[PDB]
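*Asks:* Here is how the chains run, residue by residue.
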Amino acid sequence: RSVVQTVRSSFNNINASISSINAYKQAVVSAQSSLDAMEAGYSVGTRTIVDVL
Amino acid sequence: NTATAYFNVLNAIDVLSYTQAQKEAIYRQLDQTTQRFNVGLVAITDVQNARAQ
Amino acid sequence: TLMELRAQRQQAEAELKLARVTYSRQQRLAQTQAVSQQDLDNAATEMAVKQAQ
Amino acid sequence: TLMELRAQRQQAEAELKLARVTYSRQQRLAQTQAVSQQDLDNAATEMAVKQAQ
Amino acid sequence: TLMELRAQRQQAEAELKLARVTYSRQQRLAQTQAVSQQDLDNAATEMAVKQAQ
Numbered sequence: 001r002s003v004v005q006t007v008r009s010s011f012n013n014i015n016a017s018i019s020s021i022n023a024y025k026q027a028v029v030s031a032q033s034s035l036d037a038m039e040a041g042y043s044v045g046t047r048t049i050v051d052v053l
Numbered sequence: 001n002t003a004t005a006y007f008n009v010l011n012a013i014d015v016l017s018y019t020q021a022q023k024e025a026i027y028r029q030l031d032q033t034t035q036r037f038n039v040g041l042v043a044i045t046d047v048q049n050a051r052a053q
Numbered sequence: 001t002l003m004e005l006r007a008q009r010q011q012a013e014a015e016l017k018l019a020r021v022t023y024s025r026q027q028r029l030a031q032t033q034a035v036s037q038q039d040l041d042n043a044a045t046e047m048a049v050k051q052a053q
Numbered sequence: 001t002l003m004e005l006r007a008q009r010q011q012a013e014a015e016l017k018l019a020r021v022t023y024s025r026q027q028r029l030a031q032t033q034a035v036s037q038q039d040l041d042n043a044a045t046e047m048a049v050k051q052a053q
Numbered sequence: 001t002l003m004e005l006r007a008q009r010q011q012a013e014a015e016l017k018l019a020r021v022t023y024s025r026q027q028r029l030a031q032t033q034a035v036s037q038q039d040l041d042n043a044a045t046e047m048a049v050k051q052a053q
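Protein chains in written order, with our numbering: chain A, 1 to 53; chain B, 1 to 53; chain C, 1 to 53; chain D, 1 to 53; chain E, 1 to 53.
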């Protein structure tokens, strides 16, 4: 019964990994575009390079 | 162990439903923000933000 | 003097464009229930003001 | 009196520089889709106002 | 009446001190690239206004 438990749990964990990867990918794209935006902000210097960093 | 495991199911049901309601709420948040970009009120970055949410 | 009013009207002619575009830009999102009916009353009335000006 | 207006014009001459640099410095970022057309409409019109002044 | 203007000028004499100290206090930090050139423009123009006043 134990290994039944374990294997199901494993399967489940894999699915969780999938969804998480999805989420973080999107977060990456987002933060990137935000970055480029603020970079453009420094293009006329509205901010500071630290902010960019 | 019996009592513990019994309660855990309940708690899981709880978190389940709650996370669900959260899902819908954030969902129409994204829809609103999306439409708001469609009329052009806001930067794309916010769109990606709500996306990430 | 007529030249003076000839320019001063040209100012309000621009502000009327701003308020109007802002109003339609609110309503187009407001078919999807934009940020309450509050802002619609905060936009439609300003357009009436620029119209009166 | 002519001296009075001679200075009072000199004020608007400076404010026009402010609005113009603000507008161009918005648009140069706005090719990268800066903060929607919103602020662009908030900049293009103010410059028209200082122009009328 | 001349006494009235004699005081009303004394007001602008103080505001000019405020704008000037604000401008130099911005530039001294601005050699190290203070908060964009945006605030440098915001300070440089207001001082021109108090100057014209």
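Be careful, since some hints might not be right.
[Stated by the list, open to error] Here are the simulated DSSO-like pairs of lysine-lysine, each with C-alpha atoms no more than 27 Å apart in a straight line: (1) E:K17 with D:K50; (2) E:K17 with D:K17; (3) D:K17 with C:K50; (4) C:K17 with D:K50; (5) D:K17 with D:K50; (6) E:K17 with E:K50; (7) D:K50 with C:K50.
Simulated from the structure, these hints should not be mistaken for lab results.
*Asks:* Does each hint hold? Answer for all of them.
*Replies:* Verification of the supplied hints:
no. : hint             : result
1   : E:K17 with D:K50 : holds, 26 Å
2   : E:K17 with D:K17 : holds, 22 Å
3   : D:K17 with C:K50 : holds, 26 Å
4   : C:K17 with D:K50 : holds, 16 Å
5   : D:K17 with D:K50 : holds, 9 Å
6   : E:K17 with E:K50 : holds, 9 Å
7   : D:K50 with C:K50 : holds, 17 Å
Hint violations for this structure: none, all hints satisfied.
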